[PDB]
Structures are given as C-alpha cells and as structure tokens.
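Starting off, we have a lone chain in the form deposited in one PDB entry, written out as structure tokens.
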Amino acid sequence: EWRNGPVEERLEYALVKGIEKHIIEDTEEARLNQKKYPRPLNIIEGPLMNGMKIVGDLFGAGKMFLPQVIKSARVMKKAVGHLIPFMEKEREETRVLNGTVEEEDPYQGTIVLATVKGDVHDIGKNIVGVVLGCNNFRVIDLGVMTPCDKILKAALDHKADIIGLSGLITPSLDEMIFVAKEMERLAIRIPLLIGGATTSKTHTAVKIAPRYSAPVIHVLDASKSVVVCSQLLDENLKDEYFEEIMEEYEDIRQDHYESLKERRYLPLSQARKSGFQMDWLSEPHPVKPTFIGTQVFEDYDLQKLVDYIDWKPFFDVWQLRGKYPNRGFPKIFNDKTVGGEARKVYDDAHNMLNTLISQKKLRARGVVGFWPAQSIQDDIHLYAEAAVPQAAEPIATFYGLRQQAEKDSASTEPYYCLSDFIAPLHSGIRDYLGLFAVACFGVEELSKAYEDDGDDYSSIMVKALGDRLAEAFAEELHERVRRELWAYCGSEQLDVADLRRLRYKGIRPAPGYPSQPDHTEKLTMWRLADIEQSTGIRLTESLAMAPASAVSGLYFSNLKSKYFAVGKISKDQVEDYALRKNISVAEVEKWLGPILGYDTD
C-alpha cells in the first residue's frame, strides 16, 4: 500500500512506522536521484530529519510511546549506516576541493551523557542518548563508571555544548554536586542537565543550582527534550529561560529553610528508651538454620527463575502506564492507549528470554549464609557455630540506625531499628541472622553486542531482562531460605502471587535502603561470606555490586520484623554511630548524607 508512494514518502513512512524491511532499497532509490540531492548531505537533511522531527514531535505530544521511538531510531540508524560510505566520500571530496574537512554538523548540537562513579542505572541514559538522536542531537555516551575528571575532559576535548548527568536513586547523588563544584571552579558556562525520574528539584536547588553560575536545568523525560535542549540552543530563549523561571530555586531554598523549624527530633537516649521493645520470653524461640557457613550456587537454573519474574518494573522501563484501575501488569495489556505496545514489548522480552535460557548465554550465580546472631543495643554481632555467644567474641558486626525524627503524639509507633528484630545478648536467647547475594552474568556482553549491531531496542530489552532475572533469583532464593534452608516458615503454602505482595514472614533489608542507608554493610557482608571470591560479584569503589544485575541483603527471621524508613537523624546519632563503628565523623556524615537532619553548610 505505502510502497506505491514516492521515495521521500517511503522514507518518511519507514521512519515513522519503524519498518526496516525496505529502508536500504528506498535509500538507494533516493541517492540514485542525484539531481534531487546534489550533496549526499542533502538526503539526510531532507526526508530523513523530517521523519525524525515528526517522530520527536509525536513523542513530545504523547501520541507515540518510547518503544516505537526506539524502533524509529533503529530504522534511521540502519539508513545512516547504509549512507556512511557516501558521507565519507562527500567529506573527502570537500577536503580535496576546499582543502580541509569543514566543521559541518548535521546534528543541531553535541551532548555528552555521563553516569557518575556510583549509581549504575544505564538504561535511562541510553534511552536519552538515542531519543536525542530522534531529536536530531549528537550524543557522546560515556556509560557507567565515568570519572568526574573524565567527564570534564571529554566535555572539553569534544567541545560538548551540554553535559548530562544521570541519577535514579536518592543515595550517591553527592557525586553530582561534586562534579558541579568541579565545573564551577573550572569556570565554564556550559549548560547542565540533571538526573532522571527519581530526582526531585529539592536536591538540585539546594546543593547543585546555587552552586554553579551556569544554566542548570532539570528535565523529567526526553520527550520534552525537544523543547528543553532547543531552548538552550535558541539564542532568543537561551539568555532568558535559564534564569526567568529557575528563580523558583529561591522558593525551594527559603520555603524549605522556613519549614526546617517544623522538623523536630528526640534525644538519642530518649529514642532508645522508646525503641521497639518486645518480650522474648513469650516470643517463639528462633529456629536454628540447617547449616552455618556459606552454600554456593554455581549453575542455577535460569528456566526456574522465569516463574518468579514481576513485570511491572519492566514495563516501567518502557514508560508504559495505564489509567486507574487498569494500571500495571497484567491490566496494562487491556488498556486501549498502551495495550498494543505493552503486548509487543512483553512478547519480545519473552522470546529473547526463551532464546537465552535455552542457549545458556546467561548464567545465574549466588551464595547464601547463616550465622548465630546476638544484638547489643543498636548493633548486631555474629559468632561462630561452636562458640558460646555470651562468653566468646563476635566475628562480624552490623551496626543499625534508630529513627530520631519526632512523631506526632497521635501515633504510638516505636522508633524502629534493625537490632530490635534480634534477641539481645543478655536475654539468654540465641538468635541467628542470614545474608545472600545473587547476580546474572553475561548481560554486559549481550547488551554490548546488540549495541555494536545497532539494535538499541534489543540492548535495552536484554538489560531489563537481566535485571528481572536478578530480582527473580533474589526472590526465589528468599523463598527457599524461608522454607528449606532455614525452615522457620515451612508451613507456608503461598505462591508467587503472594510473594509479589510481601506477605511472607521475615524481611530481607538490603544495605543502602531506607531501612539502613549505610552502604558500608556490603563490605562486612562480602568479607564474612567471601562473596567476591566465591560467586564473582565485585564491589565497586562506591560499593555498587558488579554486574549491575545483582541483588544482595541480609535475612531477618523475626516474626514481627517489618520494613521501616530511618528518616532524618541528628548529629548526636551521627557521632554515636561513628564511635560505635570506630570511624571518623566525616565518613559517617558523607555515607548518611541523604538522611542527615541538619545542614552543615
């Protein structure tokens, strides 16, 4: 039907509908029309950028969703990959004629995207770097583990017009303020973009924007990048936008400083006197684990993990969200707005997952452990199996945090801590604590192989599938522990439908989570369980677990254990925690940055 149209219309239709079936043949038919395009630069600047501008406009208007944008980007990448020989020939002809290759750039501007030495969320940065290509923007993508000095150096040598940082978590955003300070003290006026769809403007306008004398714009999604980045390149709005409405940082500073008086805190001694007390003499006695030490999983069955995968986080990668009550998997498939695209991505993911779990291209790996645990106030101590806890000495210590923000008198909720879920040493009751770590190996190779091919769609899909497999492995390993390896919940008859609702007994608070935001617990876990040497899950210098598709955490078997948020803490708890950990106050003040209840500046 659409094949009957002219070659320009065929190019536009292929770009908009994401069809690679005839892109090369249509491109050839277009270039053989030499009179219509005297320069091989003209063919891209004409029908090709026209369709991509249409795609970007539709994405910004919300009529086209992310996977179709990715497919359109793939079609344009195929067309450009076919056309590169002719672009290079034209550039060589220009060098022959005018003497040198000119600084002509078909893209509107160059953008450097970087991910800090920390947070490993790579999918969003890649989506941005390819949608800006759909927005006709040249993107220099530095990936994960990019040093700040490397970020600045790449911005300088490549003469980047914009530096884009990536952020998707609350902790470890102190590298963004660090690079902002480095950039400010280097005295460069290049505009800056911040974070992703977890970062509120509070952290931006408190520790970033009043810290740099250049435009610092925060964007929610790359759909609005068409407006946002152009307004940083449109000289009519470049000189005015960056300060006309970014003045609202003034509200963010003054109003929140005024609201700081609303926040109230208890003394740490008073908070301890109001902790989560419980009668261990009437509580059921802890169940002894089946073994003490570490049991290693070397070739875990990927086929089994598929039954435990939850897909709503996976659809959140594609930004597919429905209206209430038809929101989330599996109700997402029936919504008229996103049903077809959700079906497409789900079937593609399942097809590639079936291919991978049958070709053994991936390999799950993990380890679990169990040790006897006794709690000294706000701390957890671990002993050997044969040792007597009251007379021997601990082999590993995990330090917890207690809630300190004052609660309204209408609520009687205790000020929670992790140590409240393990029997105290003086009580005479022996308790046990567990830990685990899982990973999925091979995602960082398949993603790179797909990217070198040019199929960013498959790369993003395989990254999301690796993340899903890692979380499913963590959930399944927790399920085995509660019933087989520890057997403190053997009477349970629940399935994955209730596992997704956190209705099981016990909790697995990962280090760095609001339950205990100190990421240094992973160091003690790795030292105790020999995880790095056994399983192969490395720890980054920022305590990020490699490969990125990895999950780790402790095991608490107490019946009354529940997830909680520490909130905000005062300097009293900071110094107490520092003296318990036998480390300087400066280290604690930087590891617990997000949860500090006072401003040091």
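Basically, rigid core = biggest C-alpha set you can superpose within 1.5 Å across the two forms. Numbering follows the first chain given and starts at 1. First, how it differs from the form deposited in another entry.
- Shift analysis on the rigid core between these two forms singles out 220 from 220, 523, 387, 296 (C-alpha displacement of 2 Å or more).
- Superposition on the rigid core between these two forms places the CA atom of residue 449 less than 2 Å from its counterpart.
- Residue 287 shows a C-alpha shift below 2 Å between these two forms [criterion: core-superposed Cα displacement of 2 Å].
- After superposition on the rigid core, the Cα of residue 511 moves by less than 2 Å between these two forms.
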Given for the second form:
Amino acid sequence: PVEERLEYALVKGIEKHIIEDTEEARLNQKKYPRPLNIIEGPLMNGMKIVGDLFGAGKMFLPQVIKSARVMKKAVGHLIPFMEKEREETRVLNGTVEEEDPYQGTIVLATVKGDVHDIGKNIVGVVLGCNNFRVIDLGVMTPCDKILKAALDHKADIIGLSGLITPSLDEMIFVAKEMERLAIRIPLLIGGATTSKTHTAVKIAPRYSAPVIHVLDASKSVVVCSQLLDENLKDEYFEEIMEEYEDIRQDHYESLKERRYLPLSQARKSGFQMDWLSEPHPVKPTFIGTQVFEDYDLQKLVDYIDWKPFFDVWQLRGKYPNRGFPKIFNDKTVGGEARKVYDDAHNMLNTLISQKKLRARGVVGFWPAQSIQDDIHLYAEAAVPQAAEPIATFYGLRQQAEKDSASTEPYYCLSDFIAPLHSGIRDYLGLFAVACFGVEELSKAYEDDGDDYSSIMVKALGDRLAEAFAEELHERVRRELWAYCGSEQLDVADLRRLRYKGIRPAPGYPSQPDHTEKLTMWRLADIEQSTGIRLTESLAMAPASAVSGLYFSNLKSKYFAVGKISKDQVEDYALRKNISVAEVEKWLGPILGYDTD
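For comparison with the form deposited in one PDB entry, would you give the structure of this protein in the form deposited in another entry?
The next block holds one chain only.
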C-alpha cells in the first residue's frame, strides 16, 4: 500500500522514501481524485497521530520536529499541484473556494525590542504538527504589523512572545491596541518573563476578548484547540475568566499584606564589611578595555553547559538522571538526549571547522568607589576623592521585610565596593560577549525546510555565548585581574559557582534596571568594539549575547532585590535625575505598590 507507508514515514520521521511514495500516491488518482485528498487523508492522519503522541507524552520534541520536517518535505512536493488546481479553478470558475484543510490560522510574533525566538519557533513547529496554519512574523515585530498580519491572513489566534521584562509593556500595548480597534481575536501570552499572575492582572483586564497565558507548546495546542472548538469556545472562556478573577483578587489582597521597610531603615540594616581587616582589592593588569576579535571556539566547547540545551529540546530527565551527562542513562529520554547531543556535536564541529561562527567580546576594568547605593567609576590617573566620576552604576536595595528569625542584611550591589571615604581603592569590571553568524545559518536552514537544524543552531549559539562568558570570567579571575591567580577548578565547579566573585547582569534580580546597559555600552564602547547592539528595549542583539559587571570581592554573592516601595523609587529617580514615571516603567515588575 501507500497509505501505511506514508503513515510510517511520518511517525518514524524517515526522510528517504517519502518523495517516491508521495509521487505514487499522486499518480493513484483512483484513490485520490484531487491532490488535496492526499493532504487531508494520510498526510494529516500521520501528523495527527504525531501530535496526539506528543500531547500524551509518548513522543518527544525532537521526534516531533523530525516528523514535521518529513511532512513539510511531502507538502513541498504537493504544493505545485495544489497551486495548479487553484489556478485552473480560478480560470474556469472565476473564483477560488474556501478550500483550506487546516484547523485554523495562528499568528506568531515576538513583540518589539525582543530578539529571542527559539521558543516561538518550537511553538510554531508543534502547532504545525497539529494541522494549524502558523504565521511566524519574526522578532521585533511592531504591534501594527501584528494586527495587519492578523487582519490580512484572517488569523483565528494571535500569540505574543517575549523574553525580557521590557517586553511585557509591549504586550500590554498590543492588548490595548486590539481593544481600541475592537478586535475580538483571542490573545495568547508566552515567554520566559511572562507569568500567569502578570497576564491576569496586567494584560487580561485591558482586552475584552480572551487572553490566556500559555506555558509551552504542549499547552498552547490544547488552548488553541479548545478556543477553536465551538462546543467548548465559551465554557472555556468562562473558566478562564473565573480563575483569572480569583487570582486577580488574590494578588490585590496580597498587595495589602506585604510589609516593606523604609529606605533609611533598610540602608541602616544593609550589608557591611570590615574594610580595615578584609584584604585589599587587587589592581587589574590594565585599566580600560581589551577587545577580542576572533575567539577560539574550540576553547569554548569544553565550557558549554548542556543542561539548558537539553531543556530547550524539553528533554527533562527524571531523578536521579536530571542532567548532563547522567541524562543519557535515563530510560525515558536517554535515547533522544543521546541523538540530540550527537547531532549538536556534529554541527558544532562543522561550524567551528568551517569558521561559520565568530565570537567577539570586550572586557574592561576601572577604579570604582561606592557612595551609599551607587558605584562611581573613575579614571586611572585621577584621585577618587577629588575627581568627577566617569560613570555611575545605581544599585537597588532590598526593602521587603525578612523573617524575624533571619539575620540577613538588606543587600545592594554598592555594598560589595569599598566606600569612597574609607581611603581604600577598589575596582569594577564589565564584559560583553556574543556569538555571530547564528542568524544567517538559521535562516539558511529554515529556507531549506530544516527546522531541526535551525533550532539546534540557535541553541548552540546560546550555549557558545554562555561558554564564552564563563571562559572569559575564568580568565579575568586568574589572568586579566589576577585576584584568583592560584585558582584551579573544573567545569563542574564553575557551573556550581564555587569560585570567588560574581558577574551580575543588568536586568537580572540583582539589578532589574535594564537601563544599566546604556552606561556599560557608552563606557566600554561595546557596539564599536564588538558589534553587539542594544535594541530600543535595551535587549542585546544578536540574541546569543551575554554581558554584566565584575565584582571581585570575596563576600560578594548573588541576591534578589525583590519588591521596592515608593520612597526608594523616588530616591532612585532623584539619583538618576529622571522622571519617576520612567523609573516605574523600567522597574515595573519589582514595584511593590499599586500603581493602578
């Protein structure tokens, strides 16, 4: 037969034989009067089987992507004949009928200012495996472009994606723009920075039509199917409304209970050092910026942290094999993990040998002194006590009240730098690294119909950027700064952060202000030296980029700022000499008071 071979090829993801089978199925016009009957018949039968297996957990994401590639290869051969049929019927009858076999049209876009689209690509692949007609608008999509695509393509569902917290305001703007134009299309919210609480509290009330937060693709398919099913279209929305009202009330009643210390009391109870007995900071080997133009990628492969890479493919091993390299011993995901690891290593070797990826970075050191909550950087030849600082990094202090049994201080990043009036010199470093050429390679793989290679190359770009960051931090600790010159640690200990010193990044829990990237880019001249640019939402382009500061102090450790009150917001606005509204815009997720 040919039906059972098409099904087997789709389910097992066999690339070799689907072209001839599809051709012979087309030639069997007795079974299929039109080429569409091939598509709605066995082809979507196998795709539905794959989607049902993925939803039930019996089939994993890499196998699903292989099946999607096989299906795409089949429909690519069948497209010319469908186009011929449509043209012939348009000439003969003057019209083209509503002959679409998909379950619905779904628009996927990444909101303005965000460049991360691996999750969006995975969601699109999984939705396509469920016979959805996915429109992928790409990264940094303007809102008006999203509604233009929805209106022109007659989209049934619009899905927004975002990875950084400035994107949440863009999603809210999109929601209120659909509300202003009275669009009733359901809206889905996805991404790493997104949460169910933020959606129901901030995004959902602005838009009357259903707004649903989707954690991943396996739930996005359920949400889309339940929204497009007219028997469950309204009851599902009623349940969503009930649960979102419940969590809205819970959030607005939790806002009353939480206690925050006054900023002065938090400052008094802040972290402290004995600078008269702790060892003095070590001056770096140079002051200024050193630029890396073409880093050795083979030196970065041994530093790659593979657990976040397996998490991208949703290969989450069970206890005790929850991570690399023990994940290969898992009976459930071990085989697929091994296959994905082997393909990743093969393509990594190919890309490094072919010089298709380039790594660039800049690292800098400047003398730095702390003034309460701020760190002021100075020139090498200037006296800190009698010179105007060249740049300032404004820290945020914890205000949320800690448990009465706890003795932890209220941390700030300026507590790890010696104060200006203590008479002790101190220094601060910063870096920015990236992996280039990922966009072109991903575009080339997608143009060939190979979304598996595109997803893996995006994942490998992120892995190489993180490996470059880790290796550069190891070099700084031992060679470029030499405050840990005798240190010798393996990759596992670096992954465990057992060394001394931290490399906090702007926008992260230690400093959730993304405007700290502007000072770094102006000071270290990162754009001109390395080509890494900041978008209008201060995201790093390319998406495989890492940046941050360097704190060499022994006691320095990672911490979460948490929630801040109005007094700290006004103090921060006064220090930065900016409007309080801008401070609330950039620090929105960490505001602890009702701005509504």
